[PDB]
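Using the sequences and the hints given, assemble the complete structure.
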Amino acid sequence: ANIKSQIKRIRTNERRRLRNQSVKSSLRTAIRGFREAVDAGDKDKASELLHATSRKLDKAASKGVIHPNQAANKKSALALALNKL
Amino acid sequence: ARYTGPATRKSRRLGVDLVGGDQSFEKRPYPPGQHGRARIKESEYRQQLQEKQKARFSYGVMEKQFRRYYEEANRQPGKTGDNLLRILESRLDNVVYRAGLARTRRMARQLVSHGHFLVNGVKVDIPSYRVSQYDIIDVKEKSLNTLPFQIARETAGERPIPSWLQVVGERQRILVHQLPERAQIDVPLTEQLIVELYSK
Amino acid sequence: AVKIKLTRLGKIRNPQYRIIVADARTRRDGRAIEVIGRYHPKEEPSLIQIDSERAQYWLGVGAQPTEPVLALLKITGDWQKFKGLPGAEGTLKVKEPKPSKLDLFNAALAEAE
Amino acid sequence: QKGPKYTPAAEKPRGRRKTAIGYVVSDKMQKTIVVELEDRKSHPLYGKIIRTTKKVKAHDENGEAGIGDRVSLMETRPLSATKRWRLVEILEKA
RNA sequence: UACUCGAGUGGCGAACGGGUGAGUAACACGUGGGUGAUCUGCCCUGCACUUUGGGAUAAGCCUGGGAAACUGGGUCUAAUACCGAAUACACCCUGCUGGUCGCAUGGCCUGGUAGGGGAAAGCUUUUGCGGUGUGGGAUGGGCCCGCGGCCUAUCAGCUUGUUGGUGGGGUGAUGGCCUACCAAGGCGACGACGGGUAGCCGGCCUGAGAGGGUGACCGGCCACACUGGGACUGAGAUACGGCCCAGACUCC
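Chains as they are written, first to last, in full-length UniProt numbering: chain A, 2 to 86; chain B, 2 to 201; chain C, 2 to 114; chain D, 4 to 97.
Hints are not guaranteed to be accurate.
Residues of chain B clear of chain C, computed beta-carbon distances all greater than 12 Å [said to hold, decoys possible]:
(1) 27
(2) 66
(3) 111
(4) 135
Pairs of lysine-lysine, DSSO-like flavour, derived with a Cα cap of 30 Å [as the list claims (entries may be wrong)]:
(5) A/64 - D/21
(6) C/43 - B/124
(7) B/124 - C/4
(8) B/124 - C/99
(9) D/21 - C/4
(10) A/60 - D/15
(11) C/102 - B/141
(12) C/82 - D/44
(13) C/84 - D/8
(14) C/96 - B/124
If you're looking for bench data, these hints aren't it; they were derived computationally from the structure.
We treat Cβ as the ideally placed atom computed from N, Cα and C, and that holds for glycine.
Here it is, written out as structure tokens:
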């Protein structure tokens, strides 16, 4: 509030947060759909949406929004429960 | 804070020739004052006090600075009393007194005080400088026209030069060769009681 | 980065600097990793002692000195020993050692007699 | 001229964990046991040599260890809270 | 006209540095370890690259509202900003499999392998600066453990997310760190659970020596920023001179 760089930085981080909230919400939609697919047993749709969610996680980590270790644990859970169903 | 009182005073008190030419000392060795004839109590403490009293009043230094020299002396690997005495004799002014350029210990103190020496290319107005082996003490430039010192250098027939000094200078250039040692010093009271006091 | 620095030491008038290799997020007289040299400017030919091998190591691993240290390394040729542009050329003025105590006093004796 | 894309990492000595050697007291939980380890230190003031006592909870995947045993143990990463060690081998039966 | 530059976007720094010792009897500190249980902008080192496509806006201009702090809409412009797509097949998810070292899960041979995906930015006329993924460094750190360091039973019972386990979630990572479920277990006379005090250490003072006291200065760690909480951005935040909320306190 008292440093002008901090003011600029405020509005900047507001923009950034907005962007990243939207990113995470989208990813969360993707995984919720995948879990519902697995849970009703559309194995076809399971893979047909897994491909989407997997590319989505990869390019999420690529933007530095989240770490590749996190993205890997996510994809691992997806892949494993798809293997089990 | 240099001392200022009569040299006769401590002399009449404790009873030692330290100045040399003290006819009042010869005339009245008893202590001064109203009870100057009166009698004093004996102990270990009085003796051990009187020891350092005589020494440090002979040489001018104060109690606390003597204690600093003592800390160094028992910090040495040698032995406290005699190495203290070697330290204490290593002073500049005492060296030049035993060389004999000066009349009184006060006078040597004053000479070194007023910057009348010139040691290896630096003015040294330091009445307590420590002189190790191989120290070429030349004297300064204006040292010539000091009148009582002219008489001094000319007819310096007072107390002799000891073994560990010499003058190899037409300009009265005094040099150290070895350091003082107590077997050859032969000065008044030895410092064992001093050691016992300062490590009381 | 792990910058090769000079750090102050001593008293108010005459500084004496130690050549250290530490992180940039330290402070001026703070913790180090390796004291490797030093630098005494207060005398005009300005003593400089630099453990050459260890400086070469630290330049290899990815250090990045500041300008004054770089000047010193180029003086000694350590930067030039790392980069080999002309060669590892020592420009270092070792200070003129003085006529020692013994030779002085023997000169006094032989002159006076 | 073209440097190697790859470079293997230096040989790292995989550190040497400790071991402790105690007497089992319980298997009243699942897949874990409690071991009363012991160490002879010296009292750092009066110099006397002192036996002490130390509970330490361990784990075995296959439940070999019973009560009244003498075991070998090795330290490992935390299996869970107040589980830090693992069994090596039931060492002197009884 | 751009040498230059108010303001603006855009990076970068601001988390270092600097201060205090209220709290804290805690892996907070000191020493010695472990990571097969982990992240690392910056600096260097290597390897392979740096293609194409697109929209909108801040400013500026017009205008409204408010006491001010500030906000609103219409219009317009730009990019290393945001967003796409195409490659990488060195990296990552999963399936099958040979060998090898182990200290068990496992680690390694850029292991092979059917197969799925993931990058990027252009300025510069002068010592020239860059940007992307990727392996190996060096530096910083996060996590766990042993051990040592005050008083007090006129502080004897304490414990239910507590103790172990299964399936999941969660973080950079192990982990009751969280979740529903199974057993009922755990801690304690070597002082739990409580109370009082207190930042820790290299050190400083004394002492023959042990030991006792003690934590000025300087150096290294921890914690704090009016009080109490929370999250964001981001390589990395107790985010002192940032945000939000509720108080208390001073002003308009």
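(request) Report the numbers of all earlier hints that the structure fails to satisfy, in ascending order. (result) 4, 5, 7, 9, 10 and 12
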